[PDB]
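The form solved without the RNA is given below as one chain in structure tokens.
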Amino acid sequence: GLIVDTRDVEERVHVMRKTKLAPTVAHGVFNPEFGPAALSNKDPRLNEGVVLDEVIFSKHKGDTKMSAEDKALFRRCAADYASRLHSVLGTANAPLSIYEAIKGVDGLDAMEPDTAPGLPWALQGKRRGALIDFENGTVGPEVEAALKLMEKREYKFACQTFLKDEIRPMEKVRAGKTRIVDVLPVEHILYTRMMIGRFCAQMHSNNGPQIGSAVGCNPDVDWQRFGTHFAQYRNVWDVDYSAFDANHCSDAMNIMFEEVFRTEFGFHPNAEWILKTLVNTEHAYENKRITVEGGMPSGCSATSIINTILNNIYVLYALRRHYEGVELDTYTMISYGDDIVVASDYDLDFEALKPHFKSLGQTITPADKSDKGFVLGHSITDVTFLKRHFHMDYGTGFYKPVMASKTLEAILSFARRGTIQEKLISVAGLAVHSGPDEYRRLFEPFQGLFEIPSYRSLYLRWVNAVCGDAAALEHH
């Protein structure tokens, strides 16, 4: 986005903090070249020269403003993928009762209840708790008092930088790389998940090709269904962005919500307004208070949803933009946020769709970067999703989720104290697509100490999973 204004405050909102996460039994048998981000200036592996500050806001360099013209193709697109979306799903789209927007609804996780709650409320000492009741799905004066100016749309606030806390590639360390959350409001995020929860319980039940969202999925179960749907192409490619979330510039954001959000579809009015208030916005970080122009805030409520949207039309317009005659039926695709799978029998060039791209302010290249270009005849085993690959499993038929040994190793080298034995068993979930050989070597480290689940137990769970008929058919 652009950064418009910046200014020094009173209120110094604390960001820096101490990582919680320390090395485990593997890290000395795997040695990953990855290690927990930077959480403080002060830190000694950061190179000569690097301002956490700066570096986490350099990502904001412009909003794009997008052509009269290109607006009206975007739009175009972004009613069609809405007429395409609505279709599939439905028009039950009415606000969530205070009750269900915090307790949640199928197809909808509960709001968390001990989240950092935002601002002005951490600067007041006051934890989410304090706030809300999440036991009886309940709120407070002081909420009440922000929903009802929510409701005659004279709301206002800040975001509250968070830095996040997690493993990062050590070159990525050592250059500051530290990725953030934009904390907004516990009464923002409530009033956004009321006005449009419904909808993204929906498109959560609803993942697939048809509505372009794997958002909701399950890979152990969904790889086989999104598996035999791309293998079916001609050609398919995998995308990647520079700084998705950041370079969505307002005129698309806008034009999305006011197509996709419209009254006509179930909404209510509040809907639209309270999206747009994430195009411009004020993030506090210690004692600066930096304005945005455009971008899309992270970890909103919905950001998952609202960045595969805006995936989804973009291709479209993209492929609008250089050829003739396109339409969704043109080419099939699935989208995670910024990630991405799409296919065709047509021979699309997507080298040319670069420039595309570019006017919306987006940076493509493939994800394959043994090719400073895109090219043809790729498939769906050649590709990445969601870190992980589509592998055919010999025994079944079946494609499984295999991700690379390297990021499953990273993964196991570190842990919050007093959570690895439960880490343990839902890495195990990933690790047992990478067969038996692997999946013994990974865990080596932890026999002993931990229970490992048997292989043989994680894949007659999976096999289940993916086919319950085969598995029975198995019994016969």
The other form holds:
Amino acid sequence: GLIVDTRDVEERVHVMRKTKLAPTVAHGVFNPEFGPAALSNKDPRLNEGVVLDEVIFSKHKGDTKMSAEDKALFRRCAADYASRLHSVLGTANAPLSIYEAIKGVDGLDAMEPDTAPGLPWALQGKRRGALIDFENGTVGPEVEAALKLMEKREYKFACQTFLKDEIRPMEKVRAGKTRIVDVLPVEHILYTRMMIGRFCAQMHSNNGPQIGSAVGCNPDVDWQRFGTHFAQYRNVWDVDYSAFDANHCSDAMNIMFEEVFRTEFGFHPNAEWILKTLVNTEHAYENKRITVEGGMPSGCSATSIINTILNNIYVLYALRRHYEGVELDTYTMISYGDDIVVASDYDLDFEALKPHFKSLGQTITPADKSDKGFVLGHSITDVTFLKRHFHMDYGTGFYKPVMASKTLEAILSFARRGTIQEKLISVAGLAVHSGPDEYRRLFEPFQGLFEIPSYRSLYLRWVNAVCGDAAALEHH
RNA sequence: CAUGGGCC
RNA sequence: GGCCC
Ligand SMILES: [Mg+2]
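Could you please show the structure of the form solved in complex with the RNA, as a counterpart to the form solved without the RNA just displayed?
Next comes the full complex, and the chain you just saw is listed first.
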């Protein structure tokens, strides 16, 4: 987005801190090129002479404006896509009762219990439950107050900026390119889950190539459902986006919301409103009060769906912007946020699509750095979706999510205070697809120190997951 | 025990 | 809690 003004206020949101991620016994054995994100602008690991505050807000390269012509084209690609979407899901998007918006419904889980309630609840020393009954299903004073403020759209707000304490590649670590989270006020998140919470639930339960959404899938079983699909087309593309979230032009955002959340589809007149507020946002990074126009507050309710939807419309908008008579069924794709996998028998030319995407402020590049230029012929067994490859299991000829050993070496090398054992269990199910060998090697440094799930146990579990029949039938 | 949403 | 976005 475009930073209109960087003013300095009196208040100051304290975010500075250290990482809770401590090295593990695996570190000294692997020494991965990954490490905790620089949470301090004075961190020695940072290149001598790099303002952490400078990089954090360098993602905003401006809010690309669109010509009425392209706006009409986008509006059509939006209304068109919105047709296929709302067709499958349906038009039962009635406001989710405050109760349902808390406890969650079929598909939509429940609002996190003890998480940053955002502002101004954070400047008054209060927790999430200190304003809402996460045990019951209702809210209190503050909520009901703003709840009535949004009911009349009189409501206004701000976003609290946090430094996502995670593990990242040492290169971007020294580059002070630590990722940040835009924590919005809990009240907002609750209202959004009421306005379109119904919608999201339906999308989650219908993830797939049809609606081009992977939000709600289970890489363990859906990989087999997806793999076959893309391994059916001629060309498979794995596009990448540079600051996908922060580069959503206002015109593309407002048109999308106005097209995908109309009242004719059953949405509440405030569903479109509540979302449009996400355009012009005001961040509160410590003592500074930065204002931005455009982009997406990576950390708001249904933030992934909004991105997934946009990503879907961009592909259609771009293709039509370069070709003629291009319909949805002209190609096939699936995405989870910025991540995306495109496929189409047609020998499309993404390389000549870059500018068309740029007309939206988005910059696409080939996943495979080699010969920076979208080529052709690539199969599903080459692309990487959700940090996972598409490989076949010699044991059952099934498709299974496989993560690069280096990525696994980064995960098993760090962990917070007292979580190793538990983490080993979780991550264990992820390395089961790396094969017996790689598996035993990934947890070798923990033998006798922790309980390591046998490759056997988890393998048989997966088999029953991907296809309950594939397992039982192997008894006859 | 930094967030929205998966998912396990 | 862990991973993914
Ligand atoms: Mg990709």
